[PDB]
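Before any questions on how it binds or moves, here is one chain, the form deposited without its partner chain, in structure tokens.
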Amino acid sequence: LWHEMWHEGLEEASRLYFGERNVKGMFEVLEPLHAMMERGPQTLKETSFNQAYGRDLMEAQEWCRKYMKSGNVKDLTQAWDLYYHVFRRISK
């Protein structure tokens, strides 16, 4: 569940974004993953996952939601810094 799903989706969303320049597909893979989180931590691993990446992923999503109001990719370059930061850590 949580660490695995985020590592697979974030690869996929970046494939869509950086490889296929597809912002709608990127937000489509990502947004359901942001939703399961709303729930909140509840298991040992979901509690440590939330503690290192929760604040970070919440912030990425707000640059994505800042984007939808500005149409400016700088917002998305900012989202992906945080996204890739989480991804490095979910593999180390």
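Shifts are known only where both forms have a C-alpha. Definition used throughout: the rigid core is the maximal C-alpha set that superposes within 1.5 Å between two forms. Residue numbers count along the first chain shown, from 1. First, how it differs from the form solved in complex with its partner chain.
- Comparing the forms between these two forms, the C-alpha position of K74 differs by 2 angstroms or more, with the core used for superposition.
- The rigid-core fit between these two forms yields exactly one 3+ residue run with every Cα displaced by 2 Å or more: 71-74.
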Given for the second form:
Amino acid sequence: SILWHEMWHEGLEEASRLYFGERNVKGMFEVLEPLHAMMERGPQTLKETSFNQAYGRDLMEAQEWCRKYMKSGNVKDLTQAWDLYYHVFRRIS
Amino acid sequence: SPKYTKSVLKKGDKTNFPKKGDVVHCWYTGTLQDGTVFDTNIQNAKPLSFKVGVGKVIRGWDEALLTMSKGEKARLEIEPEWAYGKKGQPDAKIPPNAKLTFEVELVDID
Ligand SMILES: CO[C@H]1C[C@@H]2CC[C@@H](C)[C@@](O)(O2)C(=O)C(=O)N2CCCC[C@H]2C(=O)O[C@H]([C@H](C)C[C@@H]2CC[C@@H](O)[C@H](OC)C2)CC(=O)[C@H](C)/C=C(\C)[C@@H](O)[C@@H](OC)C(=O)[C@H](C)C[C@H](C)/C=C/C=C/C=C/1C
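Please supply the coordinates for the form solved in complex with its partner chain, as a counterpart to the form deposited without its partner chain shown previously.
Let's see the whole complex now, leading with the same chain.
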């Protein structure tokens, strides 16, 4: 898909399978990295712009909490990261 | 032969039970043997939602929810084989072969 909501929906689900299912944080990051990189390139269409308006902040904050977690090992940081990814996943259905 | 036990803390409506494939919405608090709270989604907070009976959650939850009526609050004691088993969930402070305790409140069924 080239639709941001579909790309993120598939990616978040797969990233969570790798992390929670396979216990594979390296693999999880490889799935999420390209998607965050896409966001950092910025929206290029009406629909990408609307998606960024709705979810861009939550997705960037999820990544920040996750980066915090990778240095802290604090479950609080981990859970805040996943709460945000979960939120976006549910809002885009 | 279920590998969990359930104690009802507050009765539900005794009428509406989740079925395989339903989306349920829950409040929960999870504790270890010593009462350490490893997670709660009770306060931005909102209920956990998931499709039941398809492996979205650990087996103890997936099975127990089919026995709860809407509004029910129950204490679940889940054996490690129906939770995180030998590996546990180290990042979340769940050790190997851990029995998990959850208070679960079934808020809604879509
Ligand atoms: C912030 O808090 C975390 C939940 C924390 C994680 C750590 C554990 C201690 C705990 O604290 O929950 C906890 O108390 C616990 O043990 N839970 C949560 C409440 C339900 C019972 C149990 C559980 O099964 O968690 C679940 C457990 C940890 C992992 C799964 C266990 C069953 C197994 O078959 C699955 O393999 C895949 C993995 C996590 C969840 O309840 C979430 C909702 C569901 C998933 C992640 C998977 O179903 C995934 O499948 C790919 C999905 O389809 C989801 C919807 C995709 C989206 C993008 C990801 C959302 C992530 C949400 C994460 C949340 C809310």
